[PDB]
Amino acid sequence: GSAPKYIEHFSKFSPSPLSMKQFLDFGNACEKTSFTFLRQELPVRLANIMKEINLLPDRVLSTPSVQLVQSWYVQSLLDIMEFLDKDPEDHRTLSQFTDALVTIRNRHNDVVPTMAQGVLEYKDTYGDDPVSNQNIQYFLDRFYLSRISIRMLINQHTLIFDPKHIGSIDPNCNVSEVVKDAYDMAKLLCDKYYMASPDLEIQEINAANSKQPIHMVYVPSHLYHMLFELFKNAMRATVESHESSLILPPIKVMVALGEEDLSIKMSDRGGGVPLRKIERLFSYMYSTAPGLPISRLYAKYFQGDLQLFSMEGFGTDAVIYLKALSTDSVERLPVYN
């Protein structure tokens, strides 16, 4: 096989950050453009991250968990080679490719629980010192980011080439609606496991159009994933702090739209978290026993971020920061150096 020389040639190239605007303009600006493009860009982004995997020490590199995904990436890389020589125009050369993408998405579905079981066997084999933390944390933020960037291209392709929504993108994303959806769903999960559930106050704030409901251009899939996780905590927290009590304070969410920042605060009153312990809530390692950090990545992905400020003995605040503009909204891709 040539896979390591393939990795070699394509780890030369750089991932190409796309905007929302570009993602949309594919709308269709046609399959053949999407094909000719992706059959370069995927290899590039696969190659790039696979080059980084290979830079891990043998004590990590050797472990079952790693080699397994390292394998998947190869099998995937290879699958996309097949289409380098093939010319578009042929409606069947395009068809077989879409299939190829689907099979690859579905091959990679377990990356998360898998990487986890590698972390875990590391903590027990080698230990949980802070330096191990920074390394794991450095790498996985990048790995998992890279991972997201790839899913994004793949869904974009398959969902279009099978109109209001444009694949995983809503150009008219009513944010509050997504917020209810994530809440309702969390409420369901909460009630089920707890027989109660704090209510939800939402309040919009439209800087410019002081009155108008807040539409934005996003991948609502991603926005849900994040909101959902945040609620899960806001509820778990709110409940356990007040199980000996009667009255269950709601979960206030605020949505602010400014000149560039669309911000979402999820205030709970769950007896909060002392500052010392906050960094840890984003640590892949220090939260492996046998969430947020991934939700954080999803934010950073289109140039946003996700922060916690709690007040030990009151409650936590959790802000999702999104760029307000299709123009300022570009992929954050981990890149080689």
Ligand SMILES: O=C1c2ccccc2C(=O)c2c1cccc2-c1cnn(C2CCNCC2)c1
The other form holds:
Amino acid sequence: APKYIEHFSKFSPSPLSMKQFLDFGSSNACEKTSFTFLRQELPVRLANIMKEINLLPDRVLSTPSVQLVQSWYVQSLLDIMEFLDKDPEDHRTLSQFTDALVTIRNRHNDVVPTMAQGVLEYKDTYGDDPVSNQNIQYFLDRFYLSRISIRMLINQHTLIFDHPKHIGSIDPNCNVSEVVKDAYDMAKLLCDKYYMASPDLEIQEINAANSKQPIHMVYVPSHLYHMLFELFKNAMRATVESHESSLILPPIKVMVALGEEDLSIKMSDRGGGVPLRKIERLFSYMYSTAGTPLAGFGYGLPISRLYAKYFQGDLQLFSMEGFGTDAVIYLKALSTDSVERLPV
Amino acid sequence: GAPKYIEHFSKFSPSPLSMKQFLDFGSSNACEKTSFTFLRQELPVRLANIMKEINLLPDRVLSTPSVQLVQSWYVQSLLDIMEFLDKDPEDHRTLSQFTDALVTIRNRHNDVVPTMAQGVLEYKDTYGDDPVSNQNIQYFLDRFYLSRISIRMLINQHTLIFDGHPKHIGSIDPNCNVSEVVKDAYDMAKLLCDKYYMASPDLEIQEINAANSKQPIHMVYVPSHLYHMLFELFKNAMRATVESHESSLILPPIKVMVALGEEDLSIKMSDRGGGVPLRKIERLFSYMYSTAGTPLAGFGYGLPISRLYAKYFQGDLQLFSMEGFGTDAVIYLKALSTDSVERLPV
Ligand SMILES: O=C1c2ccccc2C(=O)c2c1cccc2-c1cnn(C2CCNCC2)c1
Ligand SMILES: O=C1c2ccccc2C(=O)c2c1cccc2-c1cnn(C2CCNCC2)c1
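Could I see the form solved in complex with this ligand next, after the form deposited without this ligand?
Full assembly next; the chain just shown is listed first.
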């Protein structure tokens, strides 16, 4: 296993473009090609994340939760190693490979909260929240983004080779407003259940080049949903908790803008805002302004920002203390600008 | 005599002053002899530290005629203040000579910003060089121009208080009505916009005083600093708005929100000038980068200098755009005088 990790960590993960994802999940989709690609690329990506995990201080690495996560990565690498000698022409190989990728995806379902638990186990033993937080911040960004990239490759294979007009998890005609409404509907269910009130949603679209046209892009809807759902939970909590005695809640306003290069989604709340001093902290792992279902374990904003960065986007927060907050997701408008951002 | 004076005074660190200290020392109890004995130590300390900052430039930028000229001004200004070290504070003519000397220094340095910019262009005309030295230049110029804002603030306080509108403590308005400064900046930008384009967007101002909803928003601030930032942001918003609506009879207005929270006084300026792609935002804050003769465009110094004015009393200035719609520029100031302290580079 240390042998496999050293061999595969000699290679660099290969960033894939949206055009490649669409081409390889198209009419010409060949399962044998996907198999011979992934039995090289997934060990490369697994070995590079296992190297990233070994760049943690020995005291974080020795926590039971981090050792558990490490044991999963080892097991997953060994599962794929079983396929290196197997024959792509044999339909049993291809079927076993798909089953193995489903097993790996399922084994890693709770990586995010488990890795979070290891960071808390480090505090329960050393009793300290000092300047090693910048090192952990840096590592967890790289770790969780690498993981988004591995699950993207596994989802593409299992969806294609095991709505219906998608290419695996990609919707080439992703209606951005529809995903906004879906995220809002699900946040609103949680908000209504706990607070018995929720703000309304207003959506405005600005299609600069085509004023009357609904805004569509090539994107992974589940990634956009994740970001917007996390931002809606924040905007709805801020709005209801700042208007605890009001019959009238100010609405959440979403603008979807399509320019030449950027598709921008701004979510504006009137939840009372945050002082500028507190913004950088909101993007820290496990920092929380907060049981309300609208509050998590402080992972919503930093993970959501990784989803945005993954296809060359970004996620920014700008607040005005005493009024409210704007959260902006920046995506690449063009499929030809949309390439995996993999930690280097 | 000069490299000796610079070494002696650079042993000291500039002392950050708070809004309470500025108000107290320009108050009822204002003593000119106290201001003199303070500034004849603090100004040489600040001059020596900026002259050290200038010597941290690569030899090729430092040897340009424009940078050598700026260096010669700082040297002459340090020597002018050195003449006062032995002079008697009890002699009222010492104090009058000191004020005259500070006016001379302020006037001598009036063109520092564009002269320093010329030295950066002289460096390109000789090397060609626009590569990876730009981050070093950016880093140095931020520290240089902010140190200069701080020296001019001290000189302006002394000459406005002790040389002789009327409720001000030197350049500080303890009851600075933020909306009034917004209107002043807008009126002046609008004159330039009308003169060149023969059209200008209207202004809408909304105030949100979270703790006191019906109260006008006031703070302790230096109006001329707030004016500078808002005037530069209005020029940008007006240019973007008119140049994206070159065939329209109707221009969308510029909207300003002034919000007062417990800790922050935030001023957002929102235009519908078509916005900028996210890739281009970082370079708007770069010295001498220009999206651009129109008086609404400069030599690419508006945003980075404006951000230094915001940083100087522990604020900030941020830009966020939506390509195809428009741009929000936010000035963040400290609401409370007790949080308002000089940010000095050492
Ligand atoms: O299933 C595949 C696939 C699935 C989903 C997205 C992308 C791909 C994909 O890219 C791929 C696949 C199978 C076989 C070969 C490739 C391939 C093409 N170019 N490369 C380059 C990497 C960087 N430069 C050197 C070669 C690898
Ligand atoms: O004219 C003055 C003045 C004018 C405008 C603003 C501020 C001041 C000012 O503060 C000052 C002045 C004259 C004499 C002394 C002081 C003073 C007070 N404390 N300190 C130092 C204490 C230890 N290190 C940090 C600062 C210096």
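Under this definition, the rigid core comprises the largest set of C-alpha atoms superposing within 1.5 Å between the forms. Residue numbers count along the first chain shown, from 1. Only residues modelled in both forms are compared.
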For this session: Please name the single residue among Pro250, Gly258, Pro130, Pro213 whose Cα shifts by at least 2 Å between the two forms after core superposition.
Result: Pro130
Seminar exercise, completed: Superposed on the core, the Cα displacement of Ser62 between the two forms in Å comes to 1.3
For this session: After aligning on the rigid core, report the distance the C-alpha of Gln117 travels between the two forms, in angstrom.
Result: 0.8
Problem set entry | Mobile segments between the two forms - rigid core superposition, Cα shift of 2 Å or more, 3+ residues | 55 to 57, 123 to 130, 244 to 246, 285 to 289
